[PDB]
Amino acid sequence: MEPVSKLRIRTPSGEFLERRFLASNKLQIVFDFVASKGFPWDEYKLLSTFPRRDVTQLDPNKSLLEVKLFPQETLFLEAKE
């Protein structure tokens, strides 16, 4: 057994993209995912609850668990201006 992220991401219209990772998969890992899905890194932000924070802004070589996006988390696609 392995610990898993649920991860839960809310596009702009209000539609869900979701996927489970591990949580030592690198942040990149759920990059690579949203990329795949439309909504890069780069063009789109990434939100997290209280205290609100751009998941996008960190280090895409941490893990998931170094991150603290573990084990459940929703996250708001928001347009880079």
Second form
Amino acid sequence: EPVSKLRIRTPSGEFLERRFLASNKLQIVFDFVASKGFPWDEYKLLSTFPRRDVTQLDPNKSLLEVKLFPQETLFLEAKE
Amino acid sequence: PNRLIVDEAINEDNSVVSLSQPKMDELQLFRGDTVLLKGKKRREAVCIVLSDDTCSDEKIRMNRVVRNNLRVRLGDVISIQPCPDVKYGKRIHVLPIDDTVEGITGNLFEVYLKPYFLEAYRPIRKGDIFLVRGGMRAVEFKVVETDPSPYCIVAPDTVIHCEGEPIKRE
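Which structure goes with the form solved in complex with its partner chain, now that we have seen the form solved without its partner chain?
Every component of the complex follows; first up is the chain already shown.
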């Protein structure tokens, strides 16, 4: 049942968008952004209010546990 | 746009306005969406909407800083609508307000602006006045210009300029 929609803004401005079952582990999300041109070691995933480096959270926790449900806008930012 | 009563903030952040999730579903607003707000005297504001636990769906919560940029007080009406076309900023120009900086000596960019904007992807609008907490100080800054204009999101590559002299209190 629980589905979380994520809107992820790329550095260029465009939004990736995707629904995930909230029970899904964060690593599934990491794989999705890497499926685009934004692999885990080149880019970090950030949530805001409060600021969090989502790519530095436990990959084995679900979206639900890390509270990325039901909606969330995230930002991809080059790691430097 | 839809008209809502202004109420006090839950989230004390300058970039945030909150709505009850029922109201958000209704207006078709997605958490972290940028919204364009309109208040009195043709004043406008760009904020991020977030979900709120309150019951009344007929009220929008925002802090004093957003209320002032909009020239509205508690209990007034503003309109809110989606503002999906907000672009990352090339450059912005902001200056401190005179009365707020008179005993402050540190580097404004390093102490205030940098940490304030850091990876927060804040939307700002030309003409905005915003309050930034630094050490034991709070300093007010005015957005003199942005590019794109009249609003943008301050992204990691957005050049932040504060070179120039404190603006005078109107």
